[PDB]
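What you see is part of a larger complex, with each chain still in position.
Naming follows writing order (A and B), and every chain is counted from residue 1.
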Amino acid sequence: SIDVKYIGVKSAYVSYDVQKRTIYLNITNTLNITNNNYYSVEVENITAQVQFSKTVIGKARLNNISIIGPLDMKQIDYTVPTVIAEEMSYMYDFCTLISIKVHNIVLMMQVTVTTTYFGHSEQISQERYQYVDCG
Amino acid sequence: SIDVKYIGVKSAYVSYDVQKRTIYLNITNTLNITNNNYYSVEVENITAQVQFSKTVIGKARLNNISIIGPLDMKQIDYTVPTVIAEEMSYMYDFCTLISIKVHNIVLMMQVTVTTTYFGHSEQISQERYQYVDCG
């Protein structure tokens, strides 16, 4: 990666930005830029590359063979009861969240039993997150 | 990746942006830019590449063979009861969320039993997220 960046408000190369109650007067701004960029990125020079896989099974006796991959979930219970009994009563609820198994972002890449891989793999996340606001 | 960026409000190369209660007066802005960019990115020079797979099964006796891939979910229970009993009562609910198994973004890539792979793989997420707002 090159130049992965989180900027909260503002980006510039060059900035003369003015705000609020300003007297900006008799100004000379003179700017001579020479900004050149040369990226040579993820450049391969390969003569041979081989990804060979071979499985021989002879005069074998295989039995009861179980290959289970990743992220197996079995026998999982969420029990979240709510009861509200009221006699002769005043209830006031505001901004009340029951949240179960609540995801924002899920990135999965190369999630396997077997993997042969050759090259570049990349995950980038950039974010402002706010779960709850209440005034 | 090159130049992956999260900017909250504003981006410029060059900015003379003015705001609010300003007197901007007798100004000379002079700007000479030479900004050149040269990207050579993900450039392959390959003579040979081979992805060979071979499976031989001889005079074998295979039995009860189970290959289960990733993200298997089995026997999963969400029990979320709500009961509201009221006698002679005043209830006031505002901004009340029961959220079960609530996803925003799911990216899946190369999610497998077996994978042979040659090259570039990439996931990028950029976001403002806000789950709840209530005033």
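Everything that follows uses one rule, which is that a residue touches a chain if its C-beta (ideal position, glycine included) is under 8 Å from a C-beta of that chain, and two chains touch if they have at least 3 such contacts.
> So we've got 2 copies placed here, but how many does the whole thing have in this file?
In total, this homomeric complex is built from 4 copies.
Here, only the chains that are shown with their structure count from here on.
> Could you give the separation in Å between the centres of chain A and chain B, each centre being the mean of its C-alpha atoms?
About 5 Å, centre to centre.
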